[PDB]
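J.: The primary structure of each chain is shown beneath.
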Amino acid sequence: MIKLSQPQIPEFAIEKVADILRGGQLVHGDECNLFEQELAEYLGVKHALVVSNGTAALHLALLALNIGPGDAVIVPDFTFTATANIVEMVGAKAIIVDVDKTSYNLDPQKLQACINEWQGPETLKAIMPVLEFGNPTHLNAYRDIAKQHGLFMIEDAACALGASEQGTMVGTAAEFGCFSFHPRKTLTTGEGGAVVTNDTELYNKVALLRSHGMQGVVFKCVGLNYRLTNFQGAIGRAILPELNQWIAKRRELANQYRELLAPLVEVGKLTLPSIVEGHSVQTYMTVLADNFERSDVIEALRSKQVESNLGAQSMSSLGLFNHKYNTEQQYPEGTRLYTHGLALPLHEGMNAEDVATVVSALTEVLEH
Amino acid sequence: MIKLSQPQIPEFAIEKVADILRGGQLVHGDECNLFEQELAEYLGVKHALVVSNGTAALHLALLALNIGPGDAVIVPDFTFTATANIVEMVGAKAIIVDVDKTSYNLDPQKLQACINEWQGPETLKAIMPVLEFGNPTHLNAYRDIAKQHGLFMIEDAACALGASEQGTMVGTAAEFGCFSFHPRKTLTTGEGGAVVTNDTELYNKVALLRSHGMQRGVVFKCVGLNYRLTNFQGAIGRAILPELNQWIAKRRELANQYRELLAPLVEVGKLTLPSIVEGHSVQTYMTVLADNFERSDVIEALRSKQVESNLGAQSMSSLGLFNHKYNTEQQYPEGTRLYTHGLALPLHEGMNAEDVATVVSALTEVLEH
Ligand SMILES: [Cl-]
Ligand SMILES: [Cl-]
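Order-wise, the sequence lines are chains B and A. Take the first sequence: its letters are residues 1 to 215, 220 to 372, numbered as in the authors' numbering. Take the second sequence: its letters are residues 1 to 216, 220 to 372, numbered as in the authors' numbering.
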């Protein structure tokens, strides 16, 4: 099976994990602390904190900004459901805005309109743009719009470690950046994530919330347990020095897809993602024409040893985010991407031959 | 250093972890699913779900029972701060009740008084007793009290996997049992925990909440979190579980050695001992020093003599975090005494009787000077 992802954890990392299990510290220790330093340097950001997963990162960012009951956060329609769920979990309302059909990211003009029209009843406090599939497109615009309207910005950069727009590393534009180390997301720790910020007060607050309010040890506030193990930290920091080369490889494979898929684009059978400068290419998602039954395409591809899937969900389609605004607005772009999107294998373990294999299979399936 | 704990992960488990990292599934997989089955069978409970840590287990239990803003949960004064924090984090108010001096667990008579006097304004929905340090004492009383008053019961069994009272395995008495696999807590996965229940509806709800509301196409049934445990952490846990009864048995032998060796210090009035009842899993062995000793100086002196020692747990009422009216109107002299004067001594399955003797020798010397 040509799989969507297959992260290869360096052998030296596996040996370090074994050493830690045998005779080392299991809870967050030197490996996590070094990983945080190294992430901060990689991103050019003042502070990083590693946490249990990327959902935990978003959760902590919301809590640290005192976003909760009575409040609202704008989210894109097209994303993994965690983005909207976590807003609701803190007691805030997820306010959905449609995405761009090209970038698959929150549409800046529709974002502006939403903010312009907002008059409650909840207090609108933040935007949570998603840099979907590693696409940094609109990062700087989101920052500008947030500043223009007095909003916080939490980047849901789950899929975007190593992406960048116009000199800005994704995750670093505003109050918080949130990353995932899930196995589909290029750098993995099995489960893991990170919160980054340039604001030391926000850093200190997340560090308290991550571990029971602990600062001898004093308990300064109520908190949670979102600590990452020391051995998970060891895995992550072993992979980080490889990430740029993995992204470069992914960009080369994306160009191969672009070249080889052109015949299908020309006859209107699918559209391609736009793998802009700075895209980290965590996912390569095409969009099938409406006349294809996507579930049947996925099944046929599986039978030809190609793993494929939808790329993400449409929040407005799920029936979970029922703020009035979301009932009033329409989300054709996110709905199209949710219904017709098709992610194809793209990861650093593949070569050009593997890309051609995938395109051959997809061409065959769409012919029949 | 004779340390408070030092869990030995079996080499075969380390090899299995390496195999998973090299060529296996990293996210919750066959190892977690088998661990859940094996935990359920160990406890004699219908359902188990492994989660990121023991705090996550409590969190999911609260959420599954729809405990939140406008609600109240009773917690013991003496516990790790997570017990009370997690109540507050869901928007409920932690209502503190004192522990008893013998067991260090929530005092049933004071619990009854609190419930009887409760008249709001919040809706009192649950008790969250702690089976502190592996002590099952009062488990069945808590069950009976919750049933008498129409309350849910969430056992904070962080430190009590394998403990039992009068035939009831800790974690299995009522709606939910919550366990921690932190490295201090005998069975470890580095970080980890579990939620158990006999109620299939509660199981199904926690499973949704653990993973984004996902139900297997995947459907999103409700808003949720990510509290999944990795498959490799699950592999560690299920490798250790078959050893846990042997480890507890060894810990109860070591406790009996402490009991014998510390009798002179008890008889002369310098400390009091824990009561290691039938069914105690002996996760922690906490003594209480006489008031004339400065406990922080005792810890520092023991450190200089290669003995790790610490306070056992916190007093919630001391922390200034749980400010419901009720908590201001009560004193908590028992939890205060345990917080201020309690001293945990090394007790884990890697020690032998000679090591216990070493610890007692050191403590005797420190308390003489
Ligand atoms: Cl540890
Ligand atoms: Cl995986």
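Be aware that a few hints might be false.
Which stretches of chain A does chain B cover? Using the computed rule of at least three CB atoms under 8 Å from a CB of chain B, they are [as the list claims (entries may be wrong)]:
| no. | region |
| --- | --- |
| 1 | 102 to 113 |
| 2 | 162 to 176 |
In silico negatives: residues of chain A with every beta carbon more than 10 Å from chain B [unchecked claim]:
| no. | residue |
| --- | --- |
| 3 | 22 |
| 4 | 118 |
| 5 | 145 |
| 6 | 191 |
| 7 | 201 |
| 8 | 220 |
| 9 | 263 |
| 10 | 291 |
| 11 | 331 |
If you are wondering where the hints come from, they were derived from the structure by calculation, not from laboratory data. Note that the Cβ used here is the ideal one computed from N, Cα and C, for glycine as well.
J.: Against each hint, give a clear statement of whether it holds in the structure.
T.: Against the structure, the hints:
Coverage of the region 102 to 113 of chain A by chain B is violated [criterion: at least 3 residues with CB-CB distance below 8 Å; count 0]. Given a C-beta distance limit of less than 8 Å, the hint that chain B covers the region 162 to 176 of chain A is violated, as 0 residues qualify and 3 are needed. A beta-carbon of chain B comes within 10 Å of the beta-carbon of residue 22 (chain A); the shortest separation is about 6 Å. Here residue 118 (chain A) stays apart from chain B, with its beta-carbon at least about 22 Å from theirs, past the 10 Å limit.
Its beta-carbon lying about 26 Å from the closest one in chain B, residue 145 (chain A) satisfies the requirement of being farther than 10 Å from that chain. Distance check for residue 191 (chain A) against chain B: the nearest CB is about 5 Å away, which does not clear 10 Å, and the non-interface claim fails. Every C-beta of chain B lies more than 10 Å from that of residue 201 (chain A), the closest at about 20 Å, which supports listing it as non-interface. Look at residue 220 (chain A): its CB is around 8 Å from the nearest CB on chain B, not clear of 10 Å, so calling it non-interface is violated.
Every Cβ of chain B is farther than 10 Å from the Cβ of residue 263 (chain A); the closest lies at roughly 32 Å, confirming the non-interface assignment. Remark: the non-interface label on residue 291 (chain A) is consistent with the geometry, its nearest Cβ contact in chain B lying 19 Å away (cut-off 10 Å). Against chain B, the non-interface label of residue 331 (chain A) holds: every CB pair exceeds 10 Å, the least being about 17 Å.
The structure does not agree with the numbered hints 1, 2, 3, 6 and 8 stated previously, though it agrees with the rest.
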